Amino acid sequence: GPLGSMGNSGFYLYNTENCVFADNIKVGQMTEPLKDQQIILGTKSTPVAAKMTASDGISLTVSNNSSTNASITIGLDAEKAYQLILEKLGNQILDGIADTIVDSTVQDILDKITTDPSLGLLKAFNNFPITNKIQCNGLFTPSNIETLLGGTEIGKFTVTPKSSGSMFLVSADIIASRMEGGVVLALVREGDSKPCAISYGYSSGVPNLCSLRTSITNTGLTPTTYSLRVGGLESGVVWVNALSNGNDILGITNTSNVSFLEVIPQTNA
Amino acid sequence: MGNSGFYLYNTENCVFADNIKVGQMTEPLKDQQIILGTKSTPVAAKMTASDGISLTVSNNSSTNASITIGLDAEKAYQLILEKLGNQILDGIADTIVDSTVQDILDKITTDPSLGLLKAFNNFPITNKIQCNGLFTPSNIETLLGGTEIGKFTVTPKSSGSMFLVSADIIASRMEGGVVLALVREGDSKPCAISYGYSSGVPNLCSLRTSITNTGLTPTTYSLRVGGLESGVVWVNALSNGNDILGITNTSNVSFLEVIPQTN
Amino acid sequence: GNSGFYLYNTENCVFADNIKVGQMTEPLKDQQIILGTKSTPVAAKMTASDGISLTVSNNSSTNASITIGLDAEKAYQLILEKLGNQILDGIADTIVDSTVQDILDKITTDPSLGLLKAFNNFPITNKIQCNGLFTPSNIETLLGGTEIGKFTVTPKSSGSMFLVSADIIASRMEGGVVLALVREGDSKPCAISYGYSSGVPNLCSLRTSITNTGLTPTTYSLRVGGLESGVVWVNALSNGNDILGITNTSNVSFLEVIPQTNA
Numbered sequence: 001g002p003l004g005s006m007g008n009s010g011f012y013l014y015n016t017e018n019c020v021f022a023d024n025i026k027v028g029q030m031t032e033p034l035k036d037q038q039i040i041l042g043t044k045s046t047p048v049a050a051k052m053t054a055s056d057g058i059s060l061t062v063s064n065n066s067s068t069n070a071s072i073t074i075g076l077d078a079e080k081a082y083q084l085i086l087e088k089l090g091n092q093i094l095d096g097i098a099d100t101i102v103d104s105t106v107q108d109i110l111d112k113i114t115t116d117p118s119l120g121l122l123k124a125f126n127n128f129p130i131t132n133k134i135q136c137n138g139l140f141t142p143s144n145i146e147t148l149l150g151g152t153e154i155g156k157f158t159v160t161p162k163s164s165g166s167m168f169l170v171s172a173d174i175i176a177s178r179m180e181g182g183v184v185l186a187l188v189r190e191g192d193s194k195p196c197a198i199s200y201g202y203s204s205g206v207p208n209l210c211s212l213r214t215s216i217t218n219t220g221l222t223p224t225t226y227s228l229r230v231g232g233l234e235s236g237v238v239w240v241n242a243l244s245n246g247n248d249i250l251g252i253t254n255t256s257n258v259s260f261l262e263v264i265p266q267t268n269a
Numbered sequence: 001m002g003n004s005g006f007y008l009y010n011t012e013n014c015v016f017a018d019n020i021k022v023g024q025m026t027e028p029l030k031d032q033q034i035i036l037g038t039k040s041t042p043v044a045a046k047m048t049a050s051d052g053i054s055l056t057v058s059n060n061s062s063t064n065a066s067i068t069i070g071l072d073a074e075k076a077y078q079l080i081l082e083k084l085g086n087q088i089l090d091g092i093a094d095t096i097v098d099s100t101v102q103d104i105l106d107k108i109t110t111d112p113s114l115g116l117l118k119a120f121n122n123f124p125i126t127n128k129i130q131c132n133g134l135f136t137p138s139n140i141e142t143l144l145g146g147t148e149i150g151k152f153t154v155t156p157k158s159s160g161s162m163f164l165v166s167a168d169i170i171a172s173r174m175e176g177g178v179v180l181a182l183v184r185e186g187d188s189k190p191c192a193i194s195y196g197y198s199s200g201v202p203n204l205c206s207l208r209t210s211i212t213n214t215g216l217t218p219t220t221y222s223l224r225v226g227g228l229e230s231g232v233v234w235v236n237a238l239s240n241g242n243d244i245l246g247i248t249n250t251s252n253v254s255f256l257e258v259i260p261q262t263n
Numbered sequence: 001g002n003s004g005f006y007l008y009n010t011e012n013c014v015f016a017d018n019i020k021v022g023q024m025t026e027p028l029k030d031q032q033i034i035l036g037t038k039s040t041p042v043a044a045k046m047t048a049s050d051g052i053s054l055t056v057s058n059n060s061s062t063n064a065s066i067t068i069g070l071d072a073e074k075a076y077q078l079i080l081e082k083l084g085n086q087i088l089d090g091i092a093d094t095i096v097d098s099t100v101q102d103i104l105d106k107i108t109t110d111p112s113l114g115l116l117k118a119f120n121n122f123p124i125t126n127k128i129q130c131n132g133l134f135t136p137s138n139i140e141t142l143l144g145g146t147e148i149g150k151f152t153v154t155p156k157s158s159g160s161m162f163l164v165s166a167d168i169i170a171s172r173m174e175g176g177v178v179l180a181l182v183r184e185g186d187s188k189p190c191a192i193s194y195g196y197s198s199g200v201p202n203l204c205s206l207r208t209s210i211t212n213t214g215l216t217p218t219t220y221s222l223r224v225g226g227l228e229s230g231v232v233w234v235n236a237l238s239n240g241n242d243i244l245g246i247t248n249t250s251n252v253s254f255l256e257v258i259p260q261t262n263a
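Sequence order for the protein chains is C, G and S.
Using the numbering used here, the letters of the first sequence map in sequence onto residues 1 to 269.
Using the numbering used here, the letters of the second sequence map in sequence onto residues 1 to 263.
Using the numbering used here, the letters of the third sequence map in sequence onto residues 1 to 263.
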């Protein structure tokens, strides 16, 4: 019946097609028949057996052993590719993207400065001037010093920290007057049951600055409200911003101050 | 179709047929097949393109037919992204990163609207001054209160800031009060008034206040001290004028830039 | 020069000068290959759309080859001809993120800037009898008064200063109080301030600004005592009792500040 692959050759009839059939083929300038990855490529003269390869690198997938479904698939070399792209035009590309970074990184940083507490620069300050003449009739006694009933309230202020785990350096300096005796200042955080800071000053009967300084530790980035109370030590009337009788000091309107300055505490040891 | 044989095309000894089947081919050439040699005998090979590469042909043209190899465009770039983004930064950042870093730094250290850059200033006062100038309900509102003990010139580095002014002065006088006044140059009256006491012995007499800044421009403040309604007040010295503990002690006045924030 | 079939070792092959199969109307001309179609095969020219490398050595009739590959500028030009925007925003995003992170690092470290300022508060709650006097003699010595605290601070920025506020509850029989801040390794205090008590407790303070000398831990200490005479109680009444019968607090604060030239 059938002859055999390999060795015979001539012309045969494939259906209606009249085909030349051989083991192999050598035509033209080809000094020998086809070898690996070679194909028949005609010049204007007698053709030559070209080999297909990859310049710069290109995916070439040949299936040699397969006599059924054999192919040459062609693709990109990726890491070899983009490298070349850079190695050609990377100099202009950088220029363009730089005249974008100009605003690009800046607006971003300056946004992070202001949005972000954990930076942790950008600290809050607030000062609160107190001008009123106040007759402080509430005393401080050993009985009320651990409670909320010490003295008379002269201010109440709401502070908010811009940075996490920070404190407020607090100075309250208050023009006070009282008939020869001592003056007590209590700073109280709302929520607490007793003052979070106590201090003392003196007046001869003539006005003197009485102050409280302290550093209070901040819980959240939540707004917090401190009241300031003032009274005599165990006995006396104290006037804030006034004389010993409540008249204007020097006939004018005088100012006391309470100020909160955010600060980020280094470890003491 | 029909014939297959050999003929003479000009000077060339040719061969012809309707098709051709060599080597391991079981049938002659079909769609997109080409003759591709192997280590033994040629096989048909169907040219294709991986990773979505352009490979298009023209079969419909019997003459001037051709195959074209092209770019994936979308596929390609999508796969370049799909692999390597890391190298670009480490490779080319430095040249521009030098410029950007060292620029944004200088911007951070110049910009008055950033809210960084807060100036601080400390003016010590080691002189002994007899403060004969009194403070009476009459001069309290004028420029004539007290005796001037110092003057200071400061400059805001930031916009919309305040100065936290501390004035801590060592004073003494016979039993009575000590008034301090801080006056801005160009005003008609003190812009902060304070009070202190001395029983006859040195005592720190202290004024504190927070001032709203009107610019990025050099303001000058003057501090003056003196008796409250009556009495001579000595600064940095005893009740009579000589050294305290027989040394010169210093007083200070300080300006601290702070930047009030909003709730 | 001839045509026909012949034997090459084991292989029986066809040979001719040229070849014309299928729909081909003539043999193979320059840059032509035989490509099988659905019907009979045609002649074909290989080409490159978009631009791709197409290098043929026909001249060399030995090891002759075709090669293909990227054309670079034309390639990417097409890449952006379709996608010329998204690439920008993506890569700019990543690199802006990288440089941003590096800057943040460089701010939170570099002491040469003027950002990063240290703060410390040292509370003092203990009742302390300061029998140490302060007198002409020991004012320039280390023996002035009784030491109520020792503190250690480290600056985070160079050319810096510490804004020191020491506010101490004290009590003594009608007389003056002295406060002295001493740096370790100095022969004398570097800050001397004064206060008063009538017999009831009153805040006595010391304020000063000290110049920092480097970035390394430094240690000051605060001595309190009577002015020339008297016993001074820190944090109590003049008889040592708790004030209002509770523990009280005294404070010493170090705030880092960056000084500007005084005018």
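If you're looking for bench data, these hints aren't it; they were derived computationally from the structure.
We put the beta carbon where it would ideally sit given N, CA and C, even for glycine.
Heads up, a few of these hints could be off.
[Unchecked claim] Away from chain G, derived, C-beta distances all over 12 Å, residues of chain S:
1. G22
2. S57
3. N138
4. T152
5. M161
6. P189
7. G214
[Stated by the list, open to error] Sample of chain C residues at the chain G side, in silico, Cβ under 7 Å:
8. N24
9. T31
10. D36
11. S59
12. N64
13. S71
14. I72
15. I74
16. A78
17. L84
18. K88
19. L89
20. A98
21. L122
22. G251
23. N257
Q: Kindly indicate which numbered hints from before are broken by the structure, ordering the numbers from low to high.
A: 1, 3, 5, 6, 9, 17, 18, 19
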